[PDB]
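Coming up is one lone chain in structure tokens, specifically the form solved without this ligand.
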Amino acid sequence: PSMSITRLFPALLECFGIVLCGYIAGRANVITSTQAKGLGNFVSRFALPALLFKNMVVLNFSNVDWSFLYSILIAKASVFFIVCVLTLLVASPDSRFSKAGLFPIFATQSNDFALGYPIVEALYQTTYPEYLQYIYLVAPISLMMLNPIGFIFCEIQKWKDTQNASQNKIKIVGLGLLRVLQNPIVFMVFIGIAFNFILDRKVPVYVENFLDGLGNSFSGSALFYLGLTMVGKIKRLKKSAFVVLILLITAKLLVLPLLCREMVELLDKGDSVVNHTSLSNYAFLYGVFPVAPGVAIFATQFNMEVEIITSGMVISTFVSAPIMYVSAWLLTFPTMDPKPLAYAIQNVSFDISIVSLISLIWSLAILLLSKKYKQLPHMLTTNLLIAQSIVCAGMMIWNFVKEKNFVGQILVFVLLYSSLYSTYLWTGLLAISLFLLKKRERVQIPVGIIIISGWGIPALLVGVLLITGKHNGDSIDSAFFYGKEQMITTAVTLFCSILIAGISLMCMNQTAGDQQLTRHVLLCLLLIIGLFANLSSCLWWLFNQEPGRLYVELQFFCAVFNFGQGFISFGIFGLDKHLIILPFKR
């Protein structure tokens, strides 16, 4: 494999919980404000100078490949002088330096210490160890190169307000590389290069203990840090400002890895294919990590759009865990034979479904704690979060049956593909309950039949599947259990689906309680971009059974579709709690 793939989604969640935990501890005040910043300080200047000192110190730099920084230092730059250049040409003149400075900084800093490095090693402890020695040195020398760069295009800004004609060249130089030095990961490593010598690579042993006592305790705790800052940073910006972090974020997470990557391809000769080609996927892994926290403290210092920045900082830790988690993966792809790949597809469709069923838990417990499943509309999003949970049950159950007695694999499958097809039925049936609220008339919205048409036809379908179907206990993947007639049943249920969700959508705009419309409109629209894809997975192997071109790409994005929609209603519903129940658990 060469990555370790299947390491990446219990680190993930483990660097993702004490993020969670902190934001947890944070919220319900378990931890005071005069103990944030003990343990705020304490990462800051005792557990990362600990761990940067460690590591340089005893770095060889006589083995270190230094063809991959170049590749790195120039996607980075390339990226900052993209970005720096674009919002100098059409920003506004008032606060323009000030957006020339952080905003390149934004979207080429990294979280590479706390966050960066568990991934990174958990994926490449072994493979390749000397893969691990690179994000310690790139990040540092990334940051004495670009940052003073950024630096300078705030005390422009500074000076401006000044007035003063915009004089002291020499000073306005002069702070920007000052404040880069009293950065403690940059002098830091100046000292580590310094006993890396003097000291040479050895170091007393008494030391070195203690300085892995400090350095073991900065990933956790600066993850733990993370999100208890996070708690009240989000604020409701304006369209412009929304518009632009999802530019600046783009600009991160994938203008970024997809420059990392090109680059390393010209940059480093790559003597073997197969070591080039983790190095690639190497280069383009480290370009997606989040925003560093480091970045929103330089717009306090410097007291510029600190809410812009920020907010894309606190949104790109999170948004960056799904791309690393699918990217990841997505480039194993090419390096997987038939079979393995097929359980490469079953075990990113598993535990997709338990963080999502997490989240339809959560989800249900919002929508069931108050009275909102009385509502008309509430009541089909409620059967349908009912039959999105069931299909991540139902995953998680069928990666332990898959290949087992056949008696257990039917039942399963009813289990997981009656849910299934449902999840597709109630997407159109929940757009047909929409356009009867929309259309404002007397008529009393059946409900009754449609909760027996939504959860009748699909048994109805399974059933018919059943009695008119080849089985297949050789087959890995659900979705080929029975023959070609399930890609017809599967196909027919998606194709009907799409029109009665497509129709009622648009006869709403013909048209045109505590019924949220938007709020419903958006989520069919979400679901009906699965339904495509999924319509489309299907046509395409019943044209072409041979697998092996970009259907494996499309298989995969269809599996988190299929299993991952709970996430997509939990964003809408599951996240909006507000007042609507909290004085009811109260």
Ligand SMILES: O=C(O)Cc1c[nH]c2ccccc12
The other form holds:
Protein chains: 2
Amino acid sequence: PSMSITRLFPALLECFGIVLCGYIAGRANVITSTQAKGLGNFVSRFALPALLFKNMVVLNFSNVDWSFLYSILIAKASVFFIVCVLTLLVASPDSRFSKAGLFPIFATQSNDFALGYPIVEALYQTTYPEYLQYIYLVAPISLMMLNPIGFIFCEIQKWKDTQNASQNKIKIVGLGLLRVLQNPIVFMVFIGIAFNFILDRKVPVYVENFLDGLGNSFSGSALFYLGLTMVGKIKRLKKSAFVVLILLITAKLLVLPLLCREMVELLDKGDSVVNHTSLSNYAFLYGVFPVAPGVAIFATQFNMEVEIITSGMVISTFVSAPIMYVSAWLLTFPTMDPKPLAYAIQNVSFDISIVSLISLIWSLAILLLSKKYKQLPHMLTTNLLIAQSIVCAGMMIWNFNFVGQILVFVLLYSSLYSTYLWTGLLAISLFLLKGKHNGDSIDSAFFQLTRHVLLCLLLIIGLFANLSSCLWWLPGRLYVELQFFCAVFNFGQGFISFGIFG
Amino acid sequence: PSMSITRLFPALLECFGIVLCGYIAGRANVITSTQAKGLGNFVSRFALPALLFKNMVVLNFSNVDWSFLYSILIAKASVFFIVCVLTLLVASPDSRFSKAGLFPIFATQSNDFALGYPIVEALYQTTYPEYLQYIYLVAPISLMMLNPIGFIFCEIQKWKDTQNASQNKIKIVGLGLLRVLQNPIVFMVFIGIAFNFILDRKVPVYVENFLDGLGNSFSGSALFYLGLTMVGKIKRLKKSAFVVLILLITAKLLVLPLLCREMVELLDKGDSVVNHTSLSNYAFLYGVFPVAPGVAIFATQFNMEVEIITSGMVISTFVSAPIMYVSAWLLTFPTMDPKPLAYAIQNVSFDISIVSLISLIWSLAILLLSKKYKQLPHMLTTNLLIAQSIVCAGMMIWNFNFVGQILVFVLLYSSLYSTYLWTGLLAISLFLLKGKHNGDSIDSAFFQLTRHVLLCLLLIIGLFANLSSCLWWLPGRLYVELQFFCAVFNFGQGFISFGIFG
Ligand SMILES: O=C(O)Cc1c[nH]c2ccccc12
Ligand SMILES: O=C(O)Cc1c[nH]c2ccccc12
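Switching conditions: you have the form solved without this ligand, so give me the form solved in complex with this ligand.
Then the entire complex follows, led off by the chain already shown.
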């Protein structure tokens, strides 16, 4: 296997569990916003620059696959160019430059170090250890190349807003370029590259432990700070702003990884098909990383589009977790024989039902302890979420004799079909308010008002799959992929119930 | 070699370099006191409990040397008992219980996790990997055993101060005992021990990455928070309080490690002399760890003796660094043949001259940029510190041909003897204000007012040592040990100049 895909769910649990820890700490006022800045300044000014310096000094530039960098970088430049040109065409005259600066940086700049690296490490540390290098190459080179352009557009806006001024272009270009130079990521990569040549790849033995201590502290500390900064950030956006945010998160989490995968396949004219495939799959995985928290920091510094950029960075972080898991497994399935593939979809189902059961217990606990379950539409919703919890427990049981199998099936498919029933009954309440057994097998199938609208929309968008999937077993490539998307939905429907009511 | 003693200086540079980073960040107001609490709450409530749980679940209790635990624990109980009984006898009636509570906890509770573990790891990870277990065993079991007694004395004081009350003993005992149970170290060790039995030693694969991320972030993050909390903490103490602080830091950093070493040699009646010697040396290294930052937190919570305890914890942290380095090398020398031992003292000299040169550059930079060097006694002091910087550079050169050797000697010993000259001339200003070459060898020898009083008081110790050393080589065990203490002084005299004027 090219990806150690089994290691991805443990790594996602590290990543988004530590982000959830920081979010819980901020929500519980264990760490207030003014206290969080100590972790943020530790992370950004000490742990991250030490991690960057360490890895840049160690880096074997004579063994880097430059065509991977070129590919991801051209893919990011493509999404940057598309989002920028399109924004200048679509946006209102008084704010087209603040948007044309921050929207392209949003759509291209990844959460490479905090979230990307634990995931790339998990997937590729053993199978393709060279892939861990390109986190430290891509992320800064792409800030260096793309961010000054977006900063230049924000400086143009700052100039334009300052209507009493009429000054010349070179201060605009210089000030935006100076802004990327002042980023620790950029200057520590220049410094680390310099010391890579000076020291060879060898960190001095007496400095090594110090850089290890700071660098190794970045991962958890940065994920936790990301959690803290996500508290109270999703402000209720206008309809247009929410559409723009959806477009930009789609640019980052769908268009960019598709273009990354395509660019690798265009430019990586090396021979080995497995190396080419794993590099293509890594390019996709790279594109799926959420928006860098630094973009929200730039937006705060300029005082421009900060609502959309912060909300979008938070939502991108959350939305990346399932997209990353789903994408990586989906890219691994082409390499798997049908028996390991059936195993794999049950592993996927177990993983999603773990997170969904946790999310459902929390959602139910809120709706029950708040006693909201007696009001409308919460009266129906709590039925749906109990039924979803029974679904997830059914899968965690099914992951671990013949009589138990038949019993656990009826638990799972009475509650599953019931969750579809409640999905429809719940949607309707918003409108009013306004074949044979097959025991010798591993898979199981073949035997408030506005927020509630969003839940029923997403759940109905999910519903397609287990409809088709069972009449089609009564096949081929798209069946095992939609078997996966209906398993994802069967067990992960509660995660959407949670993401909206938690 | 029982200790990988060469790894200790890199580890100390990690430990006290990251502490110095946090101190620099707090001094520069990169992180204000109110911002530092975010790092503190991350460290104490997430990264430390995850580290504890991880290591306690992994722990092979069927392979622990219980006699080491018994030894360190009885040594700590001995120092606790001595400091407690002696404090109740010596202290003034109105505060004898707050002191009898916090002074014994001070004298016994070590900075085990932030500072102790990187050092034990460095020294013993390869040679005696089992020694890393006892950090996680000793530290909580000693909180559990000794801290409730000291808390009980602080509760007795709180009761006594609350003169309108006359309540019964069982609330006092229960409330102090509840205070140790509420400590994350204690409850996560109970929880981790429980899950060690439940899970065997095997952390669940999907929880493992999460615990790794949080736990691995503790080391650097806790050292940095320790640095932040050390900013502005050494308040100018009374003469009596400074003597008491010196006695308590001597209890922690001298009496406790001596008793730990003795207790191991009393109780470790196993056979192998090298295992016995390395365990004895580890027991000493364990006793040398500075005071736990938690003691200052207890003192803040009780609002008792907080000045002495905080100052003492900061000074203990700083004083531990040289004592730890000096002690570990000194304990390694008995195992070394005279040629590796001569090598070793030059390695020691290089290490101390690195830190001292850094410290001297900073000290000089302050005295020069402040232009204090024109006032008294700074006029002489800046001469001393230039001469000390030339000494340290002389050693770093001597660590890396025959003509260069003769040149670098005269640099080193003109400046060394001159630093002794200025040591005397400087002390006097305070009172007024109020043999043959031997080129075939590796060692070099054988060819404000109140703060200034403290500086000159300690360089007297040093004038002493190098005196004896050369006239005697013009031998035996105490000579190679004092050869080391005069090398320590020759090159580390600038570090004392820095610790007082920086
Ligand atoms: O986007 C990144 O991965 C870099 C980064 C810079 N400052 C951060 C704070 C928290 C989490 C990640 C980062
Ligand atoms: O004393 C220890 O090593 C434990 C510890 C608990 N809270 C701390 C904060 C900073 C550094 C260390 C600790």
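Numbering follows the first chain given and starts at 1. So that the term is clear: the rigid core is the largest set of C-alpha atoms that superpose within 1.5 Å between two forms.
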For this session: Please find the residue from 119, 75, 313, 420 showing a Cα shift of 2 angstroms or more between these two forms, rigid core superposed.
Result: 420
For this session: Establish whether a shift of 2 Å or more occurs at the C-alpha of residue 567 between these two forms, with the two forms superposed on the rigid core.
Result: yes
Exercise. Residue 26: with the rigid core matched between these two forms, does its Cα shift 2 Å or more?
Worked result: no
Exercise. Has the Cα of residue 381 moved 2 Å or more between these two forms, judged after a core fit?
Worked result: yes
